[PDB]
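Heads up, the chain below is alone and in the form deposited in one PDB entry; it's given as structure tokens.
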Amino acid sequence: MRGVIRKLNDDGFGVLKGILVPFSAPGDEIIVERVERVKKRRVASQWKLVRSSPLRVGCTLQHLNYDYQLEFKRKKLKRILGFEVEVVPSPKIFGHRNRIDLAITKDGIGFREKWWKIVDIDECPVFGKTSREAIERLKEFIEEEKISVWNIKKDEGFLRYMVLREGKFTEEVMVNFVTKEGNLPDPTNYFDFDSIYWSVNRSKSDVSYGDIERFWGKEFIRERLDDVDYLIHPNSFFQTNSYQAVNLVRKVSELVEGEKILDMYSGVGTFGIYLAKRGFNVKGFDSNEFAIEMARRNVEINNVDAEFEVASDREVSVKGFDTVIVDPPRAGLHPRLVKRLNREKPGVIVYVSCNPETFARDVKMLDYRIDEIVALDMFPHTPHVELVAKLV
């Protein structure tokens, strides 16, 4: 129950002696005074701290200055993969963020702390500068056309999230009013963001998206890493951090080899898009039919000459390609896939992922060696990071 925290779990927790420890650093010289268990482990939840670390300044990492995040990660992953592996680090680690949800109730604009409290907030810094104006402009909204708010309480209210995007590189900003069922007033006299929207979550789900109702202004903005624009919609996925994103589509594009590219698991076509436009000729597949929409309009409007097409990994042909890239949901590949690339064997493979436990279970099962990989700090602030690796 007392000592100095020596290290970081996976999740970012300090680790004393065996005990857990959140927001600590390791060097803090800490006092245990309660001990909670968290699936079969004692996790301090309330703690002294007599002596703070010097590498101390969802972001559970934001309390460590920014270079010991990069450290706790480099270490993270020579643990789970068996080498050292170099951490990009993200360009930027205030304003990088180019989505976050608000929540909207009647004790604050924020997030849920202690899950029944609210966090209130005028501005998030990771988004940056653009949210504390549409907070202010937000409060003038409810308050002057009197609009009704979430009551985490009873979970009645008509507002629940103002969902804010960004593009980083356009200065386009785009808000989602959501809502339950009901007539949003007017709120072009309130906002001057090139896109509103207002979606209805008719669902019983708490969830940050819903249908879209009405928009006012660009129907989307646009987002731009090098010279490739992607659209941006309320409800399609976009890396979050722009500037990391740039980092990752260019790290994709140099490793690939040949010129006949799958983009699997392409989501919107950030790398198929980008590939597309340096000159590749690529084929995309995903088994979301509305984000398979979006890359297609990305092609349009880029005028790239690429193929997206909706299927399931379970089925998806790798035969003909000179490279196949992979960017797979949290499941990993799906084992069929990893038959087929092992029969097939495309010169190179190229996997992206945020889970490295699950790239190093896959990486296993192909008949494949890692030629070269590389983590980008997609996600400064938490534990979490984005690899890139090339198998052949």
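Numbering follows the first chain given and starts at 1. C-alpha atoms forming the largest set that superposes within 1.5 Å between two forms make up the rigid core. Compared with the form deposited in another entry:
- After superposition on the rigid core, the C-alpha displacement between the two forms reaches 2 Å or more for just one residue among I370, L16, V374, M378, namely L16.
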Contents of the next structure:
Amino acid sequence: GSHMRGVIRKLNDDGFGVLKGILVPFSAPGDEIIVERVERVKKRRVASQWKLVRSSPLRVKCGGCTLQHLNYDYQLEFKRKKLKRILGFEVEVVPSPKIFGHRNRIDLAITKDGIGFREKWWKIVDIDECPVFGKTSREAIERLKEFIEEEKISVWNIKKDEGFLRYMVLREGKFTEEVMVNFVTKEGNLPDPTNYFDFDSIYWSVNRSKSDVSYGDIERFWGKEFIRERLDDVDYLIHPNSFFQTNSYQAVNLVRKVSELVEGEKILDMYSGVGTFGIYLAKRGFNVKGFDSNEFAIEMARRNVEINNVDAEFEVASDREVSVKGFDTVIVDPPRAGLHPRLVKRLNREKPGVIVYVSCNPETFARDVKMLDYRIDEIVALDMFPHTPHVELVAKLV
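Take the protein just shown as the form deposited in one PDB entry and give its structure as the form deposited in another entry.
Partners and other molecules have been left off, which leaves just the chain.
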């Protein structure tokens, strides 16, 4: 009886409530609940069925949005506290300017039983609109159902992993009102999508790999080759296969903030991607060199340099090998793995006077600052990811 009943007192780091040891997703501190069945997962007990007996006062759909039943102020509190446990000290979480309509890219699985996101890998949640992306998704999804029905398009059967059409990935410039649709399919032939959509760019991508990925090789496009997003005075070309900061309104704060934290004239944009921070800084007359191991990112960074009339130099390079000799500030914005030991080595050997570390993984961040011959001087967290447990750190190291 009572071992399966109680009030939730805390959420763990992934945002799941904990009831007397049981993990209970989509619960809130102050909820009073009864766990009707548990499973074993990664050797922890997870409630698979539970009943809400009394609502938490912290209570108020998207894929990954495991905090969405929580009011937004409490999401920010959970983040402050998560960051304070982890980093051992206190850090402001800047709220996202918009918490609906903020997201500039979504992947919708297109499946035999519905268009939407995965629940349950087999089971699709069918949606008519994605509020984190916003109202463009309603129009895209109704146009997509007409396209599939009139053209009799083969859609993904996820039990059997078969079918031609697998994702519609929607991208939009929040500050430009340009919209891009990308159809991700298997091998085969996509009918002309032209007269079914009214967007700036339509892409067809073929994923020839065996992975379940919401991108593939560009097979063809109609309309614009690129759309644009604009962060203050800076334009960035958006393409289906390059990464861009997913919350355009917090990305504004993110670029503003990095440019406040840097020192000198010589900036290394390390792990630059498409040049978000290097190029915003080149436009405010800094002197910029960036490096990224991804070749296509670098190509996009160079196309972005061209459209922004700045002079910033981007090259392909690995962090096992990039040199940091000669700079006033190094910006690092590493992948999940964190800083390569060799680059920390070379940074401690050359010690540039400021490193600005941008991270979405506060624990790898702290692992790396303790490996660095450097002190956290300033740190601010930005709520780049409303409704999920993730947060983004910007720290000035010295």
